[PDB]
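We begin with a single chain expressed as structure tokens, specifically the form solved without the named molecule.
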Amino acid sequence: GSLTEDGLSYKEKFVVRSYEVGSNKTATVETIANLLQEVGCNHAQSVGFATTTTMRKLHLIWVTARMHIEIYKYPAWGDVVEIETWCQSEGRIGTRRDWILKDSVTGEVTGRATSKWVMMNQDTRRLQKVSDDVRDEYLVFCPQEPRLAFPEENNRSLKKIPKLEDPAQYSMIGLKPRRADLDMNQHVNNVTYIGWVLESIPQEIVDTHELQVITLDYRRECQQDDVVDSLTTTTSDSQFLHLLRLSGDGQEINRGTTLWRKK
């Protein structure tokens, strides 16, 4: 992997692995999400980091508020995919990281993703607007003019997501993380929540459809000893409304939507 010529974006190539593919011999959406995370980490590392100097002193961290992924073609086992990533400041609200996925042989865009990140105190878990010192430190690594993976006006990445009402049409209950689901900081990996959301989609839909779009809002983390219920209702291609909540008290942890295309 390497920063591009202008130093304002990062590219990396990946060979799709045998255990990274599903029953159609193409990468799953969780494999795609893991590769987006990996290229994001490699970009932060290449430019000196993604906590800045000022963030470390104030005990501030970036946390994902929303993830939006659109896949046109999933790469097959053995294929090489090239992923380009970059970040942009969104004023005092937070930051955005975008990605473009391309087939390395054809050079064609096979997917795109966007994510919204907010600043949070790592100990109290309280959100905070971005100060001048934090930006400026961050802004020299971002394009200054807007660069959007999802430019279109009224695109799917900015749609408001409603709360699923009981009863759910489908469900998968009692989902619990194992050690493989944790990151190096002993927090549940963001990609695990994508898997848990997908758990309540019926197998018949997975067997006959391909996931085209997923939008996920992150409200709260699955903490030590928490158990999750995954709920889904068809709203319609087939569209679904999703809700992840704690098994016990019903506290919301995520809400999302998926759009599927018949194979």
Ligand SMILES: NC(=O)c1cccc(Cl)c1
The other form holds:
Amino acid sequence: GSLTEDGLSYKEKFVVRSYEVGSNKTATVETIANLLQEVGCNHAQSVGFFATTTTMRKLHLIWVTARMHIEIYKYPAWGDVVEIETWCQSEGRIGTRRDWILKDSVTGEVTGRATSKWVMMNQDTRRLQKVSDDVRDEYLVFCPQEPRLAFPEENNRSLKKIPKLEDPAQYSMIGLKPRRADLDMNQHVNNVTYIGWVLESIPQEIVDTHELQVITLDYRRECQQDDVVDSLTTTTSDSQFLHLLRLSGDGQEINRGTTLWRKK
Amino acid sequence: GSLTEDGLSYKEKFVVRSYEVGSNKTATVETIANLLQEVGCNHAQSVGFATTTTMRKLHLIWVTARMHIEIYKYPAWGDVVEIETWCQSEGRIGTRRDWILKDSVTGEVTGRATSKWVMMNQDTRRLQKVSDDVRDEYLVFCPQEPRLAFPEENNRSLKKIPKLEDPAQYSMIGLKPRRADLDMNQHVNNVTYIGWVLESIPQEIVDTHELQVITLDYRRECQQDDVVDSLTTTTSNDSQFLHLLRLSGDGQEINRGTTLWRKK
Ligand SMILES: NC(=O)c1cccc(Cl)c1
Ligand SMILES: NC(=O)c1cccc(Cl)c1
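Take the protein just shown as the form solved without the named molecule and give its structure as the form deposited with the named molecule bound.
Up next: the whole complex, starting with the chain shown before.
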């Protein structure tokens, strides 16, 4: 992988692996999400970087995902080369946004796009906060100054408010627990695991006859290593679904989301 | 990746990804096992394939009976690991796939693995010896003189594994596969069983030791709607364990294995 000519974005090529594909012999949305995370990590490493600035480490501040939005037009087949370009943009004091463009390496056509919102949090107390002047100054030199959006369209799917699923849910998958492969190097549950858990409550018949086109996921709270999750889904309609992940016992919300599926 | 000069083995280089590492910032044994499977798939594709012409006609497949992996050094995040793989016929019993892992920079062997595969009818699940017609079709892709990753006289790769007796010292109850655990054929990936074995190892061992050796027997599959119990008993500065995976209800065995851990 490499930073582009202007040093304001990063590109990387990936060959889709045999274990990364589903029953359609194309990459799962979880493989795509893992690759987006990997190209995001290589971008931070290439520019001097958890990927925190000098002041953030001193104050015990980290970047945490508030929302992930992914739209796939074509899932790459096993053996195909996919190229991903990623960049960051400051959204003032609210936080930052990381965006991605996925392309077929052979045709150069855009096969997908993603956008994510990140907020600053104290890693010990878990308290959110606006981004400081000094912290902003440290990372602004790595972001394009004019807006560059993967989802430019006014009133698009990436910024829509998501409601809370009401009981009873139409479908459910209960007792989901993370295993050691679900944890990252910091012993926290990988953000991609939550996408898998959302997808667990989609009926098999939808998975078999439809392809996932859009997934928007809000992150409210973490699932700890010893927590148990219930995944809930209700059809709101192409097929559209409303999703809710909550802790198995008290019913404490961890995530909410929506999916849009297209008939094959 | 590429077949070597003589066309009897295959080599591939892999850069270790951010999500592929554990708490030590080096590749998990499940990442290693996934890579072994990937280089095995690319080898079969490069030589014309994962069944021969006669196998497809008779509805016969290759299934893993045993996997044995020994790691001397786990590659760090960002490191390049090179893996060489080859197959050998073991007469009518079946075949063996072997692997050598090396650090690309030093050329030092950092790991090795060996696996035994048997022929099974896809539909009835009945095993069978390898016929001459099938043998003739794949023998041209194997070295004729023996080439063993584990040449040693009384090495760990061929030791008989006993059945863990109740009560187990440790256990992890109610493990269930999710859609990311399935391969393109909708069967549970062989690497998931390694993860489930490791689930019953106490955290203190994972935190202070490194896994050196894992030997795993495969007896029966876990189906998409099955629930598994992972059982471990210490059999021993090195720690050794006896492992058993069984179906949560009737206690039907699916796997048995052993692990050897060395203090960090
Ligand atoms: N991790 C960061 O602070 C950050 C901010 C902007 C661009 C990049 Cl590459 C990284
Ligand atoms: N899949 C096979 O039958 C096989 C047998 C020997 C070598 C290789 Cl590369 C493949």
